[PDB]
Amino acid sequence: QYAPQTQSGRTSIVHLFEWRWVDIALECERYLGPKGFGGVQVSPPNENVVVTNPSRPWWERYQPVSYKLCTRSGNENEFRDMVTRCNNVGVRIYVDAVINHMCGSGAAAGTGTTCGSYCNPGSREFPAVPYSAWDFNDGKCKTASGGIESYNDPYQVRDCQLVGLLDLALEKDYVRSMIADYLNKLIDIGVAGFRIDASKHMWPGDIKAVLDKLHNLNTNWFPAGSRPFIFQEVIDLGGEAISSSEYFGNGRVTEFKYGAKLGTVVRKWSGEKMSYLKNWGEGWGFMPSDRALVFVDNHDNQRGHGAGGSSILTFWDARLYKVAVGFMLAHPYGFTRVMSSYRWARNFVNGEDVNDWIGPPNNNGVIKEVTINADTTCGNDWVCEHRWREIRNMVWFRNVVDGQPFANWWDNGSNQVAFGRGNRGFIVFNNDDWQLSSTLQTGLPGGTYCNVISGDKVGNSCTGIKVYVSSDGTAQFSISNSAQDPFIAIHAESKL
């Protein structure tokens, strides 16, 4: 369960947030596979309720009505095609499993669902599963409102309704089994693992009970006896009743402290300095590296009011965002997930984006296709951070230095730092309001290396900055505080 099951050498996964299956299939073949991405985290593939007010929000997909593979991203055939084609090019697929709850208890009875299935949330009836009133925690929750009134009581958090969503009685083997059957269908299709949604709202034991029933991965692509990779979304910034560690036995856990703290450091808030990152990782109170799934932002907190709040860096702050992502991908801590978003009309009212509900690019509810431009950029308002050179090259960097230890750290005592990964890679950052010009020990063999942030190595040449490394491993780094990308990274494979 802690092993990502990615093709050997691939070290990251991308969240192709709200993309259509057909588009992900193409992306695997044309980009992800060739570019060395380990896998893709897809949006919930199971049927959901249709929210017409607001008009088709991204969050309606976290309100299930059945387990039919039928959504705005596509149908089961399209899903199967995508999983096969991606596996075939060495790119794994991880499903976002929404198993803690069904739709909102206030939703009206009807068939306004992504697949036309009928449901009556008021009577707790989900005929397409099927689930009935006795499959929900209504009776367990001891809250007056039936909702989570206090996050300091682990019972409310687990047995009560999260923002009014119908809470499944996961202690029940019938419920555990319906869920297992769903996941098992996915595994058999060829899925490599799952993001367990809202883990904090389920008992660690109920999750384990469900995971025990899981099949081994499909031997068409995986070695026999392979267990699916599990990463649970548990938001724990410390000082809370429920802790991430309670979930360590089920698989990896999302480390939200990571993105919140790095955001604060790179933005230079609260007196934070990059030189403080010398002992980044467990040294900062983070979970063990072999249990962590890390990221700079996720689909929820990139919208401003998630774990980390305003300190979270997103594509909207491109320049600092790339520095943060670059730092993450170079550092040996945790297993990395890169975000790929779509842009929307932000509208702040008293410091709150009133348009954070906005769904993916669409034509009257129908999701737009992902178009690729000649410069490799995406059209239709898909941001495609995974396609930015600075990001794609750092994804590659991580693959290249994989397994090499953290070495040769250097800092100017303020916001200029540098470190390497054994003798395979080196990266330097200048986040100070002044010029960086120093000769540093890189740990790499002498030669001329292409900086993969400003350019690429094309044949026997570089399209950007070249760094000459002497035989003794030292090299001079000159980075202006006005540089578009205030950091340089070189590695074994960018050497001419």
Contents of the next structure:
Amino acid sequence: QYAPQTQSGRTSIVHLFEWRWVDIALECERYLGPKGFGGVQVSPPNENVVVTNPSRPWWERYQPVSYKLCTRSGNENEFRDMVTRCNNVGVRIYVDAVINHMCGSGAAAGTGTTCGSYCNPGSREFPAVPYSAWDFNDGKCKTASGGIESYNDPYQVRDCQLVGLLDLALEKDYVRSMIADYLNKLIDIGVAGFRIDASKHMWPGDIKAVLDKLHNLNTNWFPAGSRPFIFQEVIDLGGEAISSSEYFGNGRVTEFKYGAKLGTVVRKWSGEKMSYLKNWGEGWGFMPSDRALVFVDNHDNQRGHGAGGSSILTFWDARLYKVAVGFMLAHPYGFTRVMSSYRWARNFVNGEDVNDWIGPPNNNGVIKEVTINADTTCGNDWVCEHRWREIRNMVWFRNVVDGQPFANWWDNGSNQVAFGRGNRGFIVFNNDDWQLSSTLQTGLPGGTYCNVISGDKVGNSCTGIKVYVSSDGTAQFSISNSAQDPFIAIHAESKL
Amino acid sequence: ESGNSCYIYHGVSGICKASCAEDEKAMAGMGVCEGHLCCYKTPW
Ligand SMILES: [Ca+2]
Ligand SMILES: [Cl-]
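Show the form solved in complex with its partner chain, please, the one above being the form solved without its partner chain.
All chains and molecules follow, beginning with the one already shown.
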């Protein structure tokens, strides 16, 4: 639950948020495989309650009604096809596992569900699993409302209903077994691992108890004895009763401090400066690097009200976003996940985006296919940040420099910064309102290197900026504050 | 900026206040409110 089980040399995951399975398969074959991505985090593949008010929001998929692999992303055949095709090109599949709860306790009974299964939330009846009343934590929860009333009480956080969602009795062997059966079906299909949704709301030992029931990964693609990669979603910015460290025994943990703090720095809010990033990582009070799953934004906080607030950088702020993502992908801290989004019509009213609920691009609830434009961008309102040259080349960067130590840090005492990764890569940022022009030790062998942010090494030439590194490892870097991308990155596989 | 905002779960975020409106629900003990309540509505 700790080794990502990505194909050798691949060091990142991309969240293909709300993508259809067939589109993911195609993207794996045509793009993610060749471009060195380690894997894809997929939206919950299990059947969820249909929410019609508002019209099919994205968050309906976090309200399960069964474990049938039957969603707006596709059916079981398409999911299997996706996992097979992706694994066959060295791209792993990681499932968003929603296991703390079922749908809303206040939902009506009936077949308004993505596969047409019946459920009766009020009577805790989910016959398609099956679950019944004694499979939920209603008798365990100690609050008057039956919901979570206070985050100061870890018992309430774990045993009560999260925003009215029916809370499963994860202490019970039966529930653990149903969940394990679901996850094991996914593993046998060929899944490499799981994002554990709402981990704060489950006891660490219940999660462990579930993980211990899990099969080894499918030996068609993985070595014998391979354990699923596990990363648990826990939001802990500090100061609450529940700490991230409680979950370190189960696998990696999402480090939400990362994108919040990085966002604050790159936006230059609160007196923050990029030069402060010298001791980025555990030096900022973050969790151990080998416990962290890191990211600039996720599907929640990219909409301006998740963990981090307005400080979070997103595709809407593409230039600074690219700066932050590039820094993260160059820096050794954590295991990196890049977000891939669709654009919705944002509408801020009194600080709230009232369209932050809008689901993926669709015709009458049917999700639109991912179309590829001639310039390699996507149509149909898929943003495809993972296709941006500045981001994909940094994914490759991260693959190239994997294992190399932090080295040759430089800063201007302000917002111009640089560092390398052993002798295999180097990166330079200008976030000041004036020209960057410095001669820096890159740690790299002498030669001419293509800047992979402004361009590419294509055969034996550069399509963008060229950096000449002398034999002593020093090079001149010139970056205007008005540059389209005010940072340059070079590595061993970009040398001419 | 950062602003006031207290994230609870997918599709549920509140506003940090000392006390919540008649039609709002309260969540105590959230660090980002700094002693305040998180005042939210669920979209269901
Ligand atoms: Ca729970
Ligand atoms: Cl997450």
